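K.L.:
Generate coordinates for the entire structure from the input sequences, incorporating the hints supplied.
Chain residues, written in single-letter form:
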Amino acid sequence: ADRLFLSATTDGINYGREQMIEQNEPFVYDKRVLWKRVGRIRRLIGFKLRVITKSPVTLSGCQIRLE
Amino acid sequence: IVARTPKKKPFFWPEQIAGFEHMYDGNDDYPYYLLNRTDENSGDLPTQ
Amino acid sequence: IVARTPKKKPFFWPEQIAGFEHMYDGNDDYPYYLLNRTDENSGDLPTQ
Amino acid sequence: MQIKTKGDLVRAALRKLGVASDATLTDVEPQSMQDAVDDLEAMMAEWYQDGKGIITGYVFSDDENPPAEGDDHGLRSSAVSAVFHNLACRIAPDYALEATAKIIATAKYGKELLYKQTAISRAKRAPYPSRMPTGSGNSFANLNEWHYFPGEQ
Amino acid sequence: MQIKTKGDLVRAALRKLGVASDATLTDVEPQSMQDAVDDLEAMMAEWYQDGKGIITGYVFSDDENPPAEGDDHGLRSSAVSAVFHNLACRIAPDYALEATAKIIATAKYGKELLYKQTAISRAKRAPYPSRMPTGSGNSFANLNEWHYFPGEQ
Amino acid sequence: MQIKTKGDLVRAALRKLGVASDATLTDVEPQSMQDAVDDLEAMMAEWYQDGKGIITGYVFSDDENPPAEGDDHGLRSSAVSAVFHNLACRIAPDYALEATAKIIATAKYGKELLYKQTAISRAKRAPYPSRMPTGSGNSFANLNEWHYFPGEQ
Amino acid sequence: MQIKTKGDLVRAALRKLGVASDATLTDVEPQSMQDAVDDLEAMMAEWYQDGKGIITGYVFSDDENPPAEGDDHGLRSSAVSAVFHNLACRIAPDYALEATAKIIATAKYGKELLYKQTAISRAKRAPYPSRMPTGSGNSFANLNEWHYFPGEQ
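Residue numbers (UniProt numbering), protein chains in the order written: chain P, 406 to 472; chain W, 340 to 387; chain F, 340 to 387; chain Y, 1 to 153; chain R, 1 to 153; chain C, 1 to 153; chain U, 1 to 153.
These are calculated hints, taken from the structure and not from any lab test. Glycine included, each C-beta is placed from N, C-alpha and C at the ideal position. Hints should not be assumed to be uniformly reliable.
[What the hints assert, rightly or not] Within a straight-line C-alpha distance of at most 16 angstroms, the following computed EDC-like cross-link-like pairs (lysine to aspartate or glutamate) qualify:
1) R/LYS116 x Y/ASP94
2) P/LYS453 x P/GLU427
3) Y/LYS124 x W/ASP364
4) F/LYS348 x W/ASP364
5) W/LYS346 x W/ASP364
6) Y/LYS116 x C/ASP50
7) P/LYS441 x Y/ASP94
8) R/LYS4 x R/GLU98
9) F/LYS347 x W/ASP368
10) P/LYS459 x P/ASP407
11) R/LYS116 x F/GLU354
12) R/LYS4 x R/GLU69
13) P/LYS441 x P/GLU472
14) F/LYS346 x W/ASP368
15) U/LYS4 x R/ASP62
16) R/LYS124 x R/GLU152
17) U/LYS102 x R/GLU98
18) F/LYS346 x W/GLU354
19) P/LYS436 x C/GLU29
[As the list claims (entries may be wrong)] Sample of chain C residues with no beta-carbon within 10 angstroms of chain W, all distances over it, derived:
20) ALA20
21) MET33
22) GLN34
23) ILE55
24) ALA99
[Unchecked claim] Pair ranges (Cβ atoms, derived):
25) U/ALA119 x R/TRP146: 37 to 47 angstroms
26) C/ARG131 x F/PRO349: 30 to 40 angstroms
27) Y/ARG125 x C/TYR128: 17 to 27 angstroms
28) C/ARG131 x U/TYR128: 53 to 63 angstroms
29) C/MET1 x P/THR458: 27 to 37 angstroms
30) Y/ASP62 x R/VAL59: 18 to 28 angstroms
31) F/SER381 x Y/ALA96: 18 to 28 angstroms
32) F/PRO349 x U/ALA119: 12 to 22 angstroms
P.N.:
Okay, structure coming up:
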């Protein structure tokens, strides 16, 4: 059950804290990968999706509820 | 009719007098009667 | 009925008389009775 | 009742809100559980008001036990359906969700039945005033020089 | 109670508003925390009215101790659920946010519960007027030459 | 009645909401059934209020037998049409659905019919007060020196 | 209180309006500070109208000190939460911004709380009229030939 690291930038250069979410399970074919709270954005924000695996990784479609 | 008929007393909700329940017993130690107003889910339904 | 019945006294909210609580005891020292108006969350609900 | 633990209350509230359940594939995140249990403990403190308020079987954690999620609650079987409904109503502003009207109605009903028994039990009539004579029909307290009522004392 | 410090009140208010919590990716800058705790101190100073207004266990910071966030607040466990809800209602104009109706209702309920006990305790009846005779039934104060009531004084 | 077990109640509620039935191609996962039967148990224990509320034939699981979904319920045939309708009305917040107005009206009717018989049976008139003479027309209780009524006691 | 200086009041008002704060990355421009402090001084004169108005501890600058932003104000700790809220309500016309309803409600509450104590202190009853006899029960002012009340004088 490999995990995923995501973080956010406010200035676009250096990143914040890395949150660990599992994105893959050895024999589960249906699961949701999401984070329930991201918080206020002051001026601007950008995300990152570091993954460390030795198994195929597929990601398609990132959506956020802006308000 | 005189014996078994209930007397005259006000109709209160259990939460219109949530507190202040020792004021309506007839002790006659307070200058006025109190009723709470606000509610958690509903806004201010209890009335005077 | 004469003995145990509560007397006649007004119904006040605890915050209609937030202050001014020494005016309603019967001291008879002020020319009028006062009631505060505004509320922090609600606009002006307390009344005369 | 299968809802013995506070974590069961939190999970039921979250499932009612639609945040985390099994009818939706999402799962509970631990920090959400911690925030919700803190909110539950704070809300249950206000209702009690040290007794003067709603009286229900509830044990407040002294924090000697570090994890407050696992410990048991003393809630009787009737108050459970109200406590987690109110908790789910209160948690919704933490996210951007708003509770459905059915949850609000159920919370109202639950609190009303929570307080109705105490309201019945606390409706007592004051004793006779101090200057109330006892009539000549008693014939025993009248012969014992006990003419007048003691009073409210 | 896990909300011992003033900073805990500020963080609870921010979490209730949804701006920031422990599970959020972006966090609030400390100067905003300082502003929020200053606003909390100002709001608590306005309710006390110097002994005349709402009375609750609260200790105002000294200034001899630099950090006003760290020092503990003498709030009793029942007042917490009201204080940070009101703080979250007041902080909303600082950002572009507006408080949800549930938070407003909770703040109303909390302030009502804060003031109800003091309202009960302060409802006292004034003594007899100065020119009010005591009847011939006392038989002791009447025989001690003290025929009339003393007065409000 | 073909609705003997609690699981039958849960499945009837789910069918009424349209989420899942026998003729559907997708079904509900058993953990949601467990959650729904727990919710049904909680709701039914809040109507009983320990013998002081709505009284209907119902047996609570003792938790010694593991599956509370499989065991029988003591509901009479008339109360079934109310219990699962109310259960379906309560379940919809768990999903994203909202109960149709027809289901709400049916639940109202069912609860009213549930409580009407107990309301009839519980409308009793109190005995005569303590200080009430029995007139000279009884001629037997008057001759037995028992002139006054005993009282409510 | 950490809001000792008039500049602190101006900064708090601007932060409440959302013009310049740290929760919004903007910074305060000095001419905005000067305009806001001039408006604050103007507003707090119309309130204490030479004494016959709202009485609060406040020192009006004689302009001997050129920079009026840095000097202290004599506001008591309870009036601060009202003064800067009213200032923030007044400043918004300077820009195209409109104050939020929460700020307006807080300003109303603050002004009412400011004036209630003076209203209590100024509610005095007039003396007896000049042509009012003092009855024969005084027995001392009656013996001192001072039969009638002196009057309002």
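K.L.:
Which numbered hints turn out to be false for this structure?
P.N.:
When the structure is compared with the hints, numbers 1, 8, 18, 29 turn out to be violated.
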